[PDB]
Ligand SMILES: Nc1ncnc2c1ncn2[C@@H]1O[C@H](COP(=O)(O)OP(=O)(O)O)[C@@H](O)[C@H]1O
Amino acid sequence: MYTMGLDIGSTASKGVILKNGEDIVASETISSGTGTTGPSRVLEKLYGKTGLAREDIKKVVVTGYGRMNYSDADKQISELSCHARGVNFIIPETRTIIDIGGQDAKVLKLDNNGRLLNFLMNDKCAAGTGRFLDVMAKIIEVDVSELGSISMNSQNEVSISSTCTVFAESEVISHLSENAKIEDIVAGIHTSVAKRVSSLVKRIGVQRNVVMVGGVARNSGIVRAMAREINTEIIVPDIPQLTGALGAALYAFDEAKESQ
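Structural coordinates of the indicated chain alone, per the form deposited without adenosine-5'-diphosphate:
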């Protein structure tokens, strides 16, 4: 009936209280992490605006970098598991999450309940990840966040052959030398990364709803390319900081249920 979720970074602490797995009754965030007052201060804020007693919280689950440091807790669950679980709380019927990171990319398949089932990670190749985008940006002397908008007014599209990052880093200088329209080039870089991650998506199997996450997911152009490529509408929602603790309160709630 009343469960708690804690997420303890190294730089921040976050917590959620959740009635009947349906109602966030309180939430808090503090800019202090593992080994500080931060997590204590989250609890005060939660217990104080609710008026509840420790006996009222049936289960606590904690996640985050410092989750192994924290004792008064019924369970420790991964941030990957937890975080996703919260994302589905935000967009129900989510079954496929796409996290293009700065140095990695992961596709996650989920339960009818929003619980991680299996997933694929790329951490070894620079292509089809964030850094692929740093590189190309530096070459045409532009800022990475300025990128998604340039690509809007594409008229043709610079098609690339190179799949490797290095090779490609030449191939755009060759298109640059000729002096093609940047909205054509940026459209063909986006297509690169899109084609890459698409393969991971292909292997794991699409199944809507399909949500996109990460810093890279704000690049509107990457999102379109990705959509066109997997052939499915893609949701890019706004995910709040307290999404990890949220997922934890949810797991802390499957758990309260099983005691009975």
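Given the form deposited without adenosine-5'-diphosphate above, I would also like to look at the protein as it appears in the form deposited with adenosine-5'-diphosphate bound.
This part shows the chain on its own.
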């Protein structure tokens, strides 16, 4: 059988096609989010890779910030639930999940069943989110996808003193003007983000296993800096940005069984 999960965030749209409730036969990410052609183009592509059509999908569930402004799905489910489901499907004994997306950072604490025990989120400040990195990458004139590997070359990381995205940009521009090494600039950028998010994590208390998901988790530099700041191993799946859409597809699989 096939089920579908859609995760339409305010920054990107994520889709997964799941097989018999255990095999992803296609996944897709479009860097356009809620209220764009994001969802449309996502389906388009999944149908391509697998060669399937809407008829072939027994159940579809949508999650993320745009789930409600979207018809038609069978269920619309909280992205907190969907990320937890997807992560637990890949990584067992997960007790802390750190979701860093385009415009917010979330920390979930789970009980031994994968159910939510506690939760903290920054969604008011652009620092410590993907927007911080997106702004900086545009200032440094590289794609966000390169930052992880660029920072790997850093030998004398440049500190950013400002926690504010706006004041930090001014510091980075200044560093750029006096020819600080780009790799050292990026290293300090990664550290600013990790400092912000790790403070969130320390408030709820780290409990292993700690897993990072979200688009920003694709940035290996951020993951390293986070592991440094919280002083705990961090497990990252190979499909960090897609754990929400995976979770939604698994709730879809639940639904399909339910309609035996």
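Residues that one form lacks are left out of the comparison. Throughout, rigid core stands for the largest set of C-alpha atoms superposing within 1.5 Å between the two forms. Positions refer to the first chain, counted from 1.
Asks: Of the candidates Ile204, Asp72, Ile90, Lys106, which marks the hinge of the rigid-body movement between the two forms?
Replies: Considering the domain motion between the two forms, the hinge residue is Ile90.
Asks: Once the larger parts are superposed on C-alpha atoms, what angle in degrees does the smaller rigid part turn through between the two forms?
Replies: Rotation of the smaller rigid body relative to the larger: 45 degrees.
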